[PDB]
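Consider the single chain below, provided in structure tokens and representing the form deposited in one PDB entry.
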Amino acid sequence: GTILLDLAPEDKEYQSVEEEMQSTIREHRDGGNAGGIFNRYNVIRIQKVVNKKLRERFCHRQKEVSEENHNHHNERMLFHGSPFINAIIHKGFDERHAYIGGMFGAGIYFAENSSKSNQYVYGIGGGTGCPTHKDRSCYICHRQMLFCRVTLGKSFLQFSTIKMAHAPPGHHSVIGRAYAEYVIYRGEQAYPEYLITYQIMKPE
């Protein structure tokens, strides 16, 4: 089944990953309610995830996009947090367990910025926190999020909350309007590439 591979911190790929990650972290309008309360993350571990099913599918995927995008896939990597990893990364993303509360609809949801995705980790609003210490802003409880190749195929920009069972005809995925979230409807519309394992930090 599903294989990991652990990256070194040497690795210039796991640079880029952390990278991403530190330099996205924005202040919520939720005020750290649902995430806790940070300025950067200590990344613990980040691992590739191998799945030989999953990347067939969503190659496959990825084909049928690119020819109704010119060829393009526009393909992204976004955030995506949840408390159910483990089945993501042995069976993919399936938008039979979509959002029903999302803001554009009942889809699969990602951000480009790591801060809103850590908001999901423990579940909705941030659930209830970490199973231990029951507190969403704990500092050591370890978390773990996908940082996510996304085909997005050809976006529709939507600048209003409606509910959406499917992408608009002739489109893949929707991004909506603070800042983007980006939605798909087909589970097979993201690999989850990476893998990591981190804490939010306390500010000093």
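Superpose the two forms; the largest set of C-alphas matching within 1.5 Å is the rigid core. Numbering follows the first chain given and starts at 1. What changes on going to the form deposited in another entry:
With the core fitted between these two forms, just one of 87, 124, 103, 77 shows a Cα displacement of at least 2 Å, namely 103. Relative to the superposed core, residue 161 shifts its CA atom by 2 Å or more between these two forms.
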The other form holds:
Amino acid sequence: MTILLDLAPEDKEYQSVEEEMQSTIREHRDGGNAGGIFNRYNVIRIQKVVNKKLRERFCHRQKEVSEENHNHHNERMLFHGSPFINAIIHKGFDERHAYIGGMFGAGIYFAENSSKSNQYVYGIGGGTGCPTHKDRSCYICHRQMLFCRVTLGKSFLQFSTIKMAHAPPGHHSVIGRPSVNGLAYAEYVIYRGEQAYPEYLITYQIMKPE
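Write the structure block of the form deposited in another entry for the protein whose form deposited in one PDB entry appears above.
What follows is just the one chain, with no partners and no other molecules.
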């Protein structure tokens, strides 16, 4: 079903992924409570996820999205942090696990900031942290995140995403726009699992500042 291909640290692809991961780090409102306190990652390994069935579904949907949006599928590389990596790399993203609540809408969420996704590696609010030390700011335990191909199509920009079950008419995605009375960092939402491909699996550690 799924095959992982190791990228060499000296390869252009690995370097591109690491630089996007490192450059998108930001200071979060919670002062590092959910994701830990760091200004750098120590990248352990980067793997390319190979899943035939997932690629088929992704490519088929991309063709549809572009055919609806004047031949522009608007593909974006976005981060996804989750304690359910294994399920995602084998089954893909699934909007059926999502629902309307006080924090999120019924969708598949992505960040353009790696540090935002890092806040969800151990669950909502960082859960209880690493299973070994129960520390949300663990500098030892190897963390994992995904760097995904996301078919955005025509995106709808809005201040709040909690009431969304699908994109508005003629749109394919929703973007939670940063605001003074809202989000500090952008949220990217799709409502179909076929609109994302979990391309890269990043294994890393957060680094403790000097």
